[PDB]
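Build the full structure now, drawing on both the sequences and the hints.
For reference, the chains in residue letters:
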Amino acid sequence: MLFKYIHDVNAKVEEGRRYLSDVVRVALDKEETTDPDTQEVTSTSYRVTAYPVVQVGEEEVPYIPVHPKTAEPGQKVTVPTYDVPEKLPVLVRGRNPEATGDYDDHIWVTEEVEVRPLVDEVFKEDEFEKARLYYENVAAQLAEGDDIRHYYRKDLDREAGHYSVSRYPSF
Amino acid sequence: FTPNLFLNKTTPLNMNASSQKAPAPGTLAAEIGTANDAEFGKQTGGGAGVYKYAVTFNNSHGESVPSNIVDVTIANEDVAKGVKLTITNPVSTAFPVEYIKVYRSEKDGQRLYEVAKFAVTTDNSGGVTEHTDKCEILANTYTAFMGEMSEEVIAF
Amino acid sequence: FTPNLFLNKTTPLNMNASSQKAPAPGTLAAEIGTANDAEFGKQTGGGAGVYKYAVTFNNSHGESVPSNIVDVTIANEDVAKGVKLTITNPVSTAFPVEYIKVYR
Amino acid sequence: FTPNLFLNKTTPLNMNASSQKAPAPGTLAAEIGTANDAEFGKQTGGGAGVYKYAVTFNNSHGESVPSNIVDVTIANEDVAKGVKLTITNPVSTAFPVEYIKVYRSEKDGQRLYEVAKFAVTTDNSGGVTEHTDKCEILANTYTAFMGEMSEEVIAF
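Chains as they are written, first to last, in the authors' numbering: chain s, 1 to 171; chain F, 261 to 416; chain K, 261 to 364; chain M, 261 to 416.
Derived by calculation from the structure, the hints in this document are not laboratory data.
Yeah, the Cβ is synthetic: ideal placement off N, Cα and C, and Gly gets one too.
Be aware that one or more of the hints could be misleading.
[Claimed, not checked] Dumping the calculated BS3-like pairs for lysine-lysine here, alpha-carbon to alpha-carbon at most 27 Å:
id	chain 1	residue 1	chain 2	residue 2
1	s	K69	M	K361
2	s	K76	M	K344
3	s	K76	M	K281
4	K	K361	s	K154
5	s	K4	F	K281
6	K	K281	s	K130
[Said to hold, decoys possible] Among chain F residues calculated to face chain s with C-beta under 10 Å, some are:
id	residue
7	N276
8	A277
9	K281
10	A282
11	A284
12	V325
13	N328
14	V351
15	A354
16	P356
17	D383
18	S385
Structure (structure tokens):
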């Protein structure tokens with residue numbers, strides 16, 4: 001994990017189906033494929049991902065002050081660690097199969113749903129600058145205060161201006 | 261006398277979370293304490309009996325799911341000694357935890373009610389909070405308030 | 261008679277996803293089924309031959325890339341039995357799957 | 261003659277970051293280089309002495325905290341040979357690095373001032389940038405501009 005960004009989303013984002021946690025993690029990582037015999041690598045790729053994460057522990061890190069503050073030579077602060085969960089709850093409207101009257105017919109039920117990544121992109125061994133730009137754009141768009149909305153990549157797209165192929169239904 | 265319709269008794273335990281942003285459930289361990297000022301013997305029939313204990317984890321967003329239920333047997337000579345509770349934080353909570361609620365049943369009862377409310381010692385995952393119960397509040401009871409209602413005493 | 265420019269034939273397969281929010285591709289398997297009312301024999305000169313199968317995974321946002329292409333050989337006596345497909349969902353996708361399209 | 265208050269001298273070093281999104285600090289190593297045209301001998305008393313070095317990591321958001329401070333001793337025979345700096349990028353940063361600012365002290369001084377500014381060879385984690393210091397700018401010094409000011413020469 002070359003880069004790591006922990007962002008705090010607001011209540012409106014936290015209520016979305018894809019965002020079922022109060023903290024979103026954005027990271028860039030490098031992957032390799034090696035032959036089974038030895039460490040002979042065959043290819044290298046960069047992956048950019050965003051995940052809803054949960055707290056699983058704490059760790060000791062150095063303290064980094066900001067301009068209106070001053071720090072001791074060896075001051076340290078504690079920060080939480082995060083890990084990808086498996087299922088997160090959500091409340092939906094439902095009905096009581098064993099209701100007895102008009103006051104306990106409508107209820108709210110809790111259902112657990114599968115967690116999926118928000119972003120998952122793969123870049124080749126070259127074009128590390130493109131992966132870095134994508135990571136920075138995702139982080140900035142999260143910092144804008146809304147959901148992640150833009151996913152368009154020019155490399156993975158159909159040719160524009162090809163009328164004999166774009167006339168088919170897509171709606 | 262001013263009867264108030266929203267002044268209720270101890271809230272009975274709820275088996276479902278109040279909101280989706282509430283923390284995760286944890287674990288509870290209970291045993292006879294070592295204090296010497298417990299008030300279990302103030303009941304009419306005495307403090308001897310069997311009691312049930314359960315806890316829930318809380319934040320500013322809602323109430324979590326009840327933890328495991330533990331049965332504690334109190335003898336007639338242990339009424340002066342409280343109950344020491346060991347509360348463990350959830351391993352992988354998705355929302356932070358801020359305080360705890362303790363639920364106790366009646367003497368030789370089945371249904372639990374809220375009797376205590378205090379903050380956590382630490383919010384780290386897997387943290388341990390130790391509390392000693394002295395039976396300050398009896399389950400399934402009411403509360404009333406009396407005082408001078410004037411601007412010179414109380415205001416908003 | 262009203263000719264329409266946007267009324268077309270069966271859509272040919274494309275190798276590029278229509279959008280970046282489409283689900284990830286999966287896997288496909290095909291074999292001779294056990295039906296008894298297939299219409300493979302209504303073509304000129306019978307229906308026995310070799311056919312190619314591929315599927316795509318779709319949602320409200322777009323269409324995925326094609327899956328693996330499998331080859332099915334249909335004999336003369338198997339024209340009345342259909343072709344059974346076994347579509348498998350992607351293991352890890354950012355957006356879920358909603359429906360399937362079959363390309364032949 | 262037109263005096264300007266914001267035409268400052270070499271900026272002294274600050275010990276704290278200027279933003280939340282600044283890059284993480286890295287490491288720095290310095291030693292005598294192999295150049296043959298360094299300008300450390302242009303000072304009045306010579307170039308012999310002990311100099312202190314430090315670097316900071318920058319991006320579009322802000323500036324990081326200073327890295328470690330090293331001491332380099334220059335003899336009278338090594339004046340023409342510059343100082344070689346090895347700057348190593350952090351391995352666990354949140355936002356990537358864009359350029360480096362070099363801070364140097366005076367001859368046997370104690371405070372550091374900005375004397376250089378250049379981009380990185382690569383912004384990848386663990387990247388290594390090598391720069392040779394030839395004392396182009398002296399610490400704690402000024403700069404003045406003279407020229408023809410007219411709409412036909414300069415404009416905004």
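The hints, checked one at a time:
For the suggested pair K69(s) and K361(M), the alpha carbons sit about 22 Å apart, so the restraint of at most 27 Å is met. Between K76(s) and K344(M), the direct Cα distance comes to roughly 32 Å. Violation of the 27 Å bound is thereby established for this hinted pair. With a C-alpha separation of about 19 Å, the suggested pairing of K76(s) with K281(M) holds against the 27 Å cut-off. The suggested pairing of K361(K) with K154(s) holds, with an alpha-carbon distance near 25 Å, which does not exceed 27 Å.
Of the supplied pair hints, the one linking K4(s) and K281(F) holds, its CA atoms being roughly 25 Å apart against a limit of 27 Å. For the hint linking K281(K) to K130(s), the alpha-carbon distance of about 19 Å falls within 27 Å, and the restraint holds. The criterion of a C-beta within 10 Å of any C-beta in chain s is met by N276(F), whose closest approach is roughly 6 Å, and the hint holds. Here the hint on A277(F) is kept, as its CB sits about 6 Å from the closest CB of chain s, short of 10 Å.
For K281(F), the interface hint holds, the least distance from its beta-carbon to any beta-carbon of chain s being 7 Å, beneath 10 Å. Interface hint status for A282(F): upheld, as the beta-carbon distance to the closest one in chain s is roughly 9 Å, under 10 Å. Interface hint status for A284(F): upheld, as the beta-carbon distance to the closest one in chain s is roughly 9 Å, under 10 Å. Hint status for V325(F) relative to chain s: holds, with the closest Cβ pair at about 9 Å, below 10 Å.
Checking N328(F) against chain s by beta carbon gives a least distance of about 19 Å; that is not within 10 Å, so the hint is violated. Restraint check, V351(F) versus chain s: the minimum CB separation of about 7 Å is within 10 Å; hint holds. Given the 10 Å rule on beta carbons, the hint for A354(F) holds: about 4 Å separates it from the nearest Cβ of chain s. Interface restraint check: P356(F) against chain s, minimum CB-CB distance 8 Å, threshold 10 Å, status holds.
Among the interface hints, the one on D383(F) holds; its C-beta lies about 9 Å from the nearest C-beta in chain s, closer than the 10 Å criterion. Nearest Cβ of chain s to the Cβ of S385(F): about 6 Å, under the 10 Å cut. The hint holds.
Hint compliance for this structure: hints 2, 13 are not met, and every other hint is.
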